Amino acid sequence: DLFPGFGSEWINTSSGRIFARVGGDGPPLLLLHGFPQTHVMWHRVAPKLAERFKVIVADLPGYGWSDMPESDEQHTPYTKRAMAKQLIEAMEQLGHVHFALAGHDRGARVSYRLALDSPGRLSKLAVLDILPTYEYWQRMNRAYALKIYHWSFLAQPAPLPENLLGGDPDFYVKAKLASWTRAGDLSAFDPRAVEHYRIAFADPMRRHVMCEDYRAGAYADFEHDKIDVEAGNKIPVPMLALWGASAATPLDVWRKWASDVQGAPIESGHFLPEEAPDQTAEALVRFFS
Amino acid sequence: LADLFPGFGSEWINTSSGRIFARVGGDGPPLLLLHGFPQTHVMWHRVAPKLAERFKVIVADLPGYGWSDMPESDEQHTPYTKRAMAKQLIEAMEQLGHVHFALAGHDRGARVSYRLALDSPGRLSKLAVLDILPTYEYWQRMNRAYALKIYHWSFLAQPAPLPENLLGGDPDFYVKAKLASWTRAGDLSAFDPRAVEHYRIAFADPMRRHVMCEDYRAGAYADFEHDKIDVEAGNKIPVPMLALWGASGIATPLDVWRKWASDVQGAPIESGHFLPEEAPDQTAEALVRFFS
Ligand SMILES: [Cl-]
Ligand SMILES: [Cl-]
Ligand SMILES: [Cl-]
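Just so you know, the protein sequences line up as chains B and A, in that order. FYI, in PDB author numbering the residues of the first sequence are 6 to 251, 257 to 299. FYI, in PDB author numbering the residues of the second sequence are 4 to 254, 259 to 299.
Hint data in this document are derived by calculation from the structure and do not stem from the laboratory. Keep in mind that the hints are not guaranteed to be accurate.
To be verified - Mimicking BS3-like on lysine-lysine, the simulated pairs with C-alpha atoms at most 30 angstroms apart in a straight line are: (1) B:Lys152 to A:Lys179; (2) B:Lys129 to B:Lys266; (3) B:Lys129 to B:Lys231; (4) A:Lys59 to B:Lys152; (5) B:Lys152 to A:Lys181; (6) B:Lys152 to B:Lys239.
One chain only, chain B, in its complex shape:
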């Protein structure tokens, strides 16, 4: 238990339960993790946020201890549009129809898709260390193909990645965690947190969900994004983009997708809330207050 003073809830939805740690009081704030992690990646910043907010730390649909909806040929329940609908249902179970939202990695993709589809749900939005899925794929030249190979590899038709990942999943997940930190090793993480990530990744069913998520990320999610950029749609919700310091700035890019956005680099690799918990917490608290 990495969340002192937080409850544990499975929240019912039409697509399956969402697991969350729930703590604090005040305005509601939902925190969404990404790959290859779970809700526990927020354990270092959740307490400072809970000083001021009611904090709901949720496992994404099919991740962690959340239920795994059956997928289909277009990967629908693991599209960011579907994940956002499911988390909107979960927040309604708690009586939250207007809330603050911060996401990281895949959870940040859920979050900006939520803001594009249903802006009235959000008071404020923070996205951590991402650009829109459309922008990634538009940037996908030799240098990007090499640097972020896993967007194409994990999106290969089943069972190719599932088969490869089964041989030594501990090694793959630990290498991903290490490779995207400033330090290049696991020293930025709490070993208890790494064990949560390892345990989740050890399950073949959980890994299949992850591949479905990246398949959606290459196909429907991209198409959904393309419709908005073609329509000139921008997020109206007050928005914060944080990114790890370790091409146009991320702020230059999000200003093209959002009409009220501020942003800043954090001295950190990808995993801002774990590598740079103090700076990340401070920036979020200032933003959401």
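Add chain A with the ligands to chain B, keeping to what the hints say.
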């Protein structure tokens, strides 16, 4: 493992970079045949007998592949770059007394072949490249559609030991799925099962898999840089050239090779990627006519 070249001799040829295994048959003008990934010299077994009626045919395992030695690699993947492989095979051919010869390559072996022609054109009378575009052209094309369709160029090029460790759990599944994936029908039916077993046994050796990853790492880095120098100088291969590709293989490929070669002809064949196994009579005929 089957002998798929009835009556061909066998040689290990010493070079400064390690031994090259070859099957050798026929008589006449010398013709070197180079395989690619994830195969070995035996992929030429359905066309080599026909070629051997007209040529002295040398069917070699690439450096580090099949039964050729595996040089230790380095931080720039040097021995598995196509420039280094071409230098090594030039040495091997010199050991046989061939300093000017005909060359046909497929897949990685075709990349060795056009690099050989760019670096050392005087070594070649004529050259054929099967189902490839230049490495520079593949990476230039890179966008979302190609990243998704041809993922393995970026996957196998990731820093060791990532692809090595992913390939280790079930290597048979991966090599068979690749072989099947690039044929016209998408299954293994085009291959002789005895040839598949050669490919499988090679891929079952972690040292051989590491070489393959080093080949793709070179393919992403030094090989691409070597190509980039030539295209930005407008260097074109002067050696008479044939480009043969499968209609369900690459991707107009002739238009691409006309930018890289000043005397090139080409044709498609109805086939997936593996032209000499999927379309042996047509491939043999095209080669015999071109080299004759
Ligand atoms: Cl992401
Ligand atoms: Cl190739
Ligand atoms: Cl190609």
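Against the structure, the hints come out as follows:
1. B:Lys152 to A:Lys179: Measuring from Cα to Cα gives roughly 27 angstroms; hence the hint holds.
2. B:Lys129 to B:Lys266: holds, 18 angstroms
3. B:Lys129 to B:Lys231: holds, 23 angstroms
4. A:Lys59 to B:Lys152: Roughly 45 angstroms between the alpha carbons, so the hint for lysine 59 of chain A and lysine 152 of chain B is violated.
5. B:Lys152 to A:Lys181: holds, 23 angstroms
6. B:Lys152 to B:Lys239: Within the cut-off at roughly 28 angstroms; holds.
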